[PDB]
Amino acid sequence: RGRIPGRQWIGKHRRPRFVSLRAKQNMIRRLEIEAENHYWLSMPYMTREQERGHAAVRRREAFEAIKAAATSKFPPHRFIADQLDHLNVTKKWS
Amino acid sequence: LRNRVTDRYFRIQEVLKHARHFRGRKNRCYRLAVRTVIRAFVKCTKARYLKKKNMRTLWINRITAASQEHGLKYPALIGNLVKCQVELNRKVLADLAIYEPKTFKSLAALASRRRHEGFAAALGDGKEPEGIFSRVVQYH
Amino acid sequence: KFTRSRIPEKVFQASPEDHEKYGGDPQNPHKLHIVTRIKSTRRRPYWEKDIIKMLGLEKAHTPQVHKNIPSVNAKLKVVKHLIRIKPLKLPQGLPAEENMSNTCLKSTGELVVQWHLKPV
Amino acid sequence: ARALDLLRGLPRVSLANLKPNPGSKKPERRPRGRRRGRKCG
Amino acid sequence: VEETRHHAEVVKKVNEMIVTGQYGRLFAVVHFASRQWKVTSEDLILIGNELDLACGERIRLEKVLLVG
Amino acid sequence: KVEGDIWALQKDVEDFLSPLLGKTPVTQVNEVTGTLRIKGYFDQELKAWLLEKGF
Amino acid sequence: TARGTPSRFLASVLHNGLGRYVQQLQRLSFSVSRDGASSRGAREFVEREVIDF
Ligand SMILES: [Mg+2]
Ligand SMILES: [Mg+2]
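Protein chains in written order, with the entry's author numbering: chain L6, 9 to 102; chain LT, 10 to 149; chain Ld, 35 to 154; chain LO, 10 to 50; chain LU, 70 to 137; chain Lw, 112 to 166; chain Lq, 2 to 54.
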């Protein structure tokens, strides 16, 4: 008897949904977690002039390692051993 | 007509030996059979997932039954066993419910006493002794 | 139009009642953040996804240490709705070389340097 | 040389144990199967 | 105080039941390989991984959640 | 056209080209075709080097 | 597929491991060929590992 015109959750006329107690409690829980995040972000340790250059050496050496790998990309070696072990496929007993 | 296929019988036989126990033309006609063995295998994987879920639901139902036979409710039993630090899972809890009713009655009595101790602490709201079975064993 | 959000310094100024609600000393601030992602980056903007990847919180419920410095704080301020932030407490100090293989983080956010698996 | 000593140790070279140099024979891609069939690229 | 005394009486009397041997066919609930097994004597269990042990080898299961 | 210990040749080429680069040069040693490839243009330096060693 | 395959319960041969463990393998028959390139690895197994086993 009761039809929502078209699709239920899109359009001008939508099927109504109502907020439940557990949904409200879930949102309140996430809000509390974020208020605590606001507090722990509100207290900083250092300032910008104090942190201006404290990790430049480590960042530079990490990028130098990345450069070293990207430069060291290169084909691998080949072996007389490997070719002559492919010779072994005809190794009979007697 | 060089390079013809000669083991098509064996490929068809693989699909049909997986399709043998079906009903209708889909146990012997290769096209209808191969359209159904695929669905059987996909159902097998998704039913591994459904199997784990259904076994957990069955254990929960049996624990609810036995606890209600002891007058205790399932959330009370589970939460108070957790508070008493007895970490028996739902499988062995249902197993003890079915086969070992005296041990299950002991567990239900422990959970009910822990619930009563929690109620007493909540109503006291002060610094009374914590309770004999409400003591927390600490590890370090 | 939906854009990025500029968040006030007024909500990031703390207050005394906030201090006793979440006990934390304004002088002598805590040194390290324990950051843990508790929300998906799906149905979220690409910049938030990128900043999650930068901070290293791709796996949910996997805690990560970060510096309590203003740049890291700015990144966490952008992505603050997908994470939980705790102070890293050290009851018996920083780990040393002889106790580095017996550590545990614990749910209280206290990195103990000695772990026995024995009752107290 | 050492390679010739290995040849002395190893079985006989015939037409049954010959191999191309790896990397010289790129495999043929043909339109069969799921990946290379259907619309066939 | 009276409850701790009653606990001492019950724990003691159960201990001399153990000393005398007024029991038979014990069971245990044992944690093993992320599972909890309700096992008894002369029992069989199937673990879903290799165990780095030779066949027919005696070991001791230790993480006993429950015995009775 | 290298006969013999091409690995010894590789070691000599690496310790000769390391001061000119700072880092160890990137090389491939092919023992089947007795050849050695270095990543970079070092033709004149290697020619003068092999001259002064005597090849 | 479980529905199209046989099934059984967990069991031992003769209550194995109760009094003593008895190895349930009795015989191993190795059909190997002298000149088979397919049988090369089995030939190496017979040369080196079957005595220790
Ligand atoms: Mg409609
Ligand atoms: Mg098709």
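Hints were generated in silico from the structure; no laboratory data involved. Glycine included, C-beta positions come from ideal geometry on N, C-alpha and C. Any given hint could turn out to be false.
Below, a list of computed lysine-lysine pairs in the DSS-like style, where the Cα atoms sit at most 27 angstroms apart [stated by the list, open to error]:
| hint | chain 1 | residue 1 | chain 2 | residue 2 |
| --- | --- | --- | --- | --- |
| 1 | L6 | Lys81 | Lw | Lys122 |
| 2 | LT | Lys62 | Ld | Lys111 |
| 3 | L6 | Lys81 | Lw | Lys112 |
| 4 | Lw | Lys134 | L6 | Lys75 |
| 5 | Ld | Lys111 | Ld | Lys55 |
| 6 | LT | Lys92 | LU | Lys81 |
| 7 | Lw | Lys164 | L6 | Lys81 |
| 8 | Ld | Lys55 | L6 | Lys32 |
| 9 | Lw | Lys150 | LO | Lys34 |
| 10 | LT | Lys61 | LU | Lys132 |
| 11 | LT | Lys60 | LU | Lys81 |
| 12 | Ld | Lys152 | LU | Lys81 |
| 13 | LU | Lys132 | LT | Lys114 |
| 14 | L6 | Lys81 | LO | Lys48 |
| 15 | Ld | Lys35 | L6 | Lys20 |
If the Cβ cut is set under 7 angstroms, some of the chain LT residues that face chain Ld in the computed set are [said to hold, decoys possible]:
| hint | residue |
| --- | --- |
| 16 | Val146 |
| 17 | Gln147 |
| 18 | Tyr148 |
| 19 | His149 |
Hint-by-hint comparison with the structure:
For the proposed pair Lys81 (chain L6) and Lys122 (chain Lw), the alpha carbon gap of about 19 angstroms is at most 27 angstroms, so the pair holds. Taking the CA atoms of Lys62 (chain LT) and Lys111 (chain Ld), the gap is near 39 angstroms; set against the 27 angstroms cutoff, the hint is violated. For a cut-off of 27 angstroms, the pair hint linking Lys81 (chain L6) to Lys112 (chain Lw) stands: about 25 angstroms separates their Cα positions. Between the alpha carbons of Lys134 (chain Lw) and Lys75 (chain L6) the distance comes to roughly 12 angstroms, so the proposed pair stays at or under 27 angstroms and holds.
About 21 angstroms separates the Cα atoms of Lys111 (chain Ld) and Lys55 (chain Ld), which keeps this hinted pair within 27 angstroms; it holds. For the hint pairing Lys92 (chain LT) with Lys81 (chain LU), the CA-to-CA distance comes to about 25 angstroms; that is within 27 angstroms, so the pair holds. Using a Cα cut-off of 27 angstroms, the hinted pair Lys164 (chain Lw) and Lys81 (chain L6) is violated, with the two alpha carbons roughly 30 angstroms apart. The suggested pairing of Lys55 (chain Ld) with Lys32 (chain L6) holds, with an alpha-carbon distance near 23 angstroms, which does not exceed 27 angstroms.
Note on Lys150 (chain Lw) and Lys34 (chain LO): the hinted pairing holds, with a Cα-Cα distance of about 25 angstroms set against a maximum of 27 angstroms. Annotation: proposed proximity of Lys61 (chain LT) to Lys132 (chain LU) holds, straight-line Cα distance about 24 angstroms (limit 27 angstroms). A hinted pair counts as satisfied when its Cα atoms are at most 27 angstroms apart, and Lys60 (chain LT) with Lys81 (chain LU) does not qualify at roughly 45 angstroms. For the hint pairing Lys152 (chain Ld) with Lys81 (chain LU), the CA-to-CA distance comes to about 25 angstroms; that is within 27 angstroms, so the pair holds.
Taking the CA atoms of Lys132 (chain LU) and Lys114 (chain LT), the gap is about 23 angstroms. The hint holds against a cut of 27 angstroms. About 36 angstroms separates the Cα atoms of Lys81 (chain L6) and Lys48 (chain LO), which puts this hinted pair outside 27 angstroms; it is violated. The suggested pairing of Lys35 (chain Ld) with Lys20 (chain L6) holds, with an alpha-carbon distance near 21 angstroms, which does not exceed 27 angstroms. A distance limit of 7 angstroms between C-beta atoms decides the matter here; for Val146 (chain LT) the minimum to chain Ld is near 6 angstroms, and the interface restraint holds.
Hint status for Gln147 (chain LT) relative to chain Ld: holds, with the closest Cβ pair at about 4 angstroms, below 7 angstroms. Of the supplied interface hints, the one on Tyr148 (chain LT) holds, with its beta-carbon coming within about 6 angstroms of a beta-carbon of chain Ld, less than 7 angstroms. The criterion of a C-beta within 7 angstroms of any C-beta in chain Ld is met by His149 (chain LT), whose closest approach is roughly 5 angstroms, and the hint holds.
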